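What follows is one chain in structure tokens, specifically the form deposited in one PDB entry.
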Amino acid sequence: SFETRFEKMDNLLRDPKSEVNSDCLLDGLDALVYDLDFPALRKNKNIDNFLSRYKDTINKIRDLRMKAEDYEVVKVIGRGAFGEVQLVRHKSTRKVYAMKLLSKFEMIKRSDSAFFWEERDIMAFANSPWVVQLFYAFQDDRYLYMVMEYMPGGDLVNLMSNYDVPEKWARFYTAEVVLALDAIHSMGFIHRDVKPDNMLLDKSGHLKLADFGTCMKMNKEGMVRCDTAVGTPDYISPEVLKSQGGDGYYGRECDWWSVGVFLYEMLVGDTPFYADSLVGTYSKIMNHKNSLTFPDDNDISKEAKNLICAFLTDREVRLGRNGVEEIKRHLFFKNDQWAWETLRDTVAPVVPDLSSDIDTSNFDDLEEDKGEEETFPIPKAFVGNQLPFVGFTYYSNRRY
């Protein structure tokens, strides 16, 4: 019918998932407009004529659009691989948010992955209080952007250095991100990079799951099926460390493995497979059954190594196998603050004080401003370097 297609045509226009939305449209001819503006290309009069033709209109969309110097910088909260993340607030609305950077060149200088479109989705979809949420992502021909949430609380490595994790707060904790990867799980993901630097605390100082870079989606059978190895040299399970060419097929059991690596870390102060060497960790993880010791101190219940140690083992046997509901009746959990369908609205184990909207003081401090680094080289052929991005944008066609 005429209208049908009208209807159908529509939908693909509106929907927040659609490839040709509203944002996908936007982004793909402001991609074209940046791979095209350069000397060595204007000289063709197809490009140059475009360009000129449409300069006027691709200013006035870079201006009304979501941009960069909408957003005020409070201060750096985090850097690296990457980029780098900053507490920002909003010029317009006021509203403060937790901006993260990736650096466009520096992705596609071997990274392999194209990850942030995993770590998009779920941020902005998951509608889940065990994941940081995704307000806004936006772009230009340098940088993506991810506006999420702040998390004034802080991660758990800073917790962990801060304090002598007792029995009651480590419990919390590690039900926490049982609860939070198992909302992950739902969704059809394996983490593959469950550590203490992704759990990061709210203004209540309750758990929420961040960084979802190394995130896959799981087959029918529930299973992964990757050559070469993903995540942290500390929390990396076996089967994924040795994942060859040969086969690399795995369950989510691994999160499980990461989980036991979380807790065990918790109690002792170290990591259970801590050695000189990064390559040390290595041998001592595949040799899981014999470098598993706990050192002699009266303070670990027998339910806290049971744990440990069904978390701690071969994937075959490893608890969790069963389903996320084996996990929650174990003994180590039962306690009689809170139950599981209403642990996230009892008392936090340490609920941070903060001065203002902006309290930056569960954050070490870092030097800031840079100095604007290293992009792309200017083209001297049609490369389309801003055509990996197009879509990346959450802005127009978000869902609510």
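Residue numbers count along the first chain shown, from 1. What we label the rigid core is the largest C-alpha set whose atoms superpose within 1.5 Å from one form to the other. Compared with the form deposited in another entry:
Lining up the core between these two forms shows that one residue from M286, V73, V317, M223 moves its Cα 2 Å or more, and that residue is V73.
In a rigid-core overlay of the protein, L200 has its C-alpha displaced by under 2 Å between these two forms.
After superposing the rigid core, the Cα of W169 is displaced by less than 2 Å between these two forms.
If you fit the rigid core between these two forms, you'll see the Cα of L41 move by 2 angstroms or more.
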The other form holds:
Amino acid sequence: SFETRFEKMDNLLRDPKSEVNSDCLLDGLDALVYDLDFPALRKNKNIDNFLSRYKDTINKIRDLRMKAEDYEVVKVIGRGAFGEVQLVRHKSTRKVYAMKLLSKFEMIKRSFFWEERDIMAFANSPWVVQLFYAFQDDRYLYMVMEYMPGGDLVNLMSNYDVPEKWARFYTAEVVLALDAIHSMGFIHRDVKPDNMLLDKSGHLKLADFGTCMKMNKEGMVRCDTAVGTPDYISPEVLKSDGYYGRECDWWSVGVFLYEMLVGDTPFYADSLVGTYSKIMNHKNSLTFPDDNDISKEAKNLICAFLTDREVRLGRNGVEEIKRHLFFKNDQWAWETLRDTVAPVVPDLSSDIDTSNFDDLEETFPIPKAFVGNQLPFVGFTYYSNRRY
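Next, give the form deposited in another entry, keeping in mind that what was shown is the form deposited in one PDB entry.
Left out here are the partners and the other molecules; the chain alone remains.
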């Protein structure tokens, strides 16, 4: 039917989850222009004329659509080979956000941002950091996320000899947060206290969805490359032929609980190897201090997590973790946990206070022919309907 077709098309342009929505289509034009505007390609009349025709229109669109110049760097909080994570401020609104930058040159040359963009944009979970905006240019991919003023658990652990009650609270919240990721069909693969952020209320939210892999019908993943941080990496991810499930995320929870209660990671070494050697021989290298500061149940939970896959707590689902004695407390309940009073409530001067975060501080060659470097990134643009 005639107008049915226009309506179906209009919904194709409407849909934020659609690959052909207005922003995905603007991505295409923008990519095409960047991918064609080179002197060698402009020798082609078709390319030259098209670029001349669209010059004014593309400059207008580029100005109107969200750009790097709309934000001001307040503080640099993270750094990777792929890019930086920084605390920014929208120049007009003065609102503080977290911005993750990914180098397009680094994406193409030895590669994930799709799932990272999707989890943060459409998770609608109190456990996952919300993504407000996703935009780009010929050099970077940008992810404007909700600001978490309480900082990370690394900062918390560096200020306190974490009492058990707090360790129980943060472990329980990570279990819930990980169970949320798992229900979406993903294994985090990089669970660590640097990726656990605290909101204004002091409750946890997960970050870094950059290693998230979608599980299969058997809830497994085929990966032959090591992923994650040396201290938190499970033996199975280290040994990766590789066919593993969501249990690698539970191994990291046991590393996290040990770290909070002991003050050090269980398999710490002077090198990348030796760390990896200790993880392999966790059976004889996992030891606790000879003192009464860590309870029987805490030690058992760590050990129930720090074992081989097939015997690890969480191989029969969350309920077996939720039911562990370590979680028995007269302070919270699993279904009421994010509504309880957090152990550490951030005492922030203002909504723009960045105190809880420590301040830190080449692209593509010119083509001689069409190579289409912007094509892997068409559709990355995303804008939230959320107002303030």
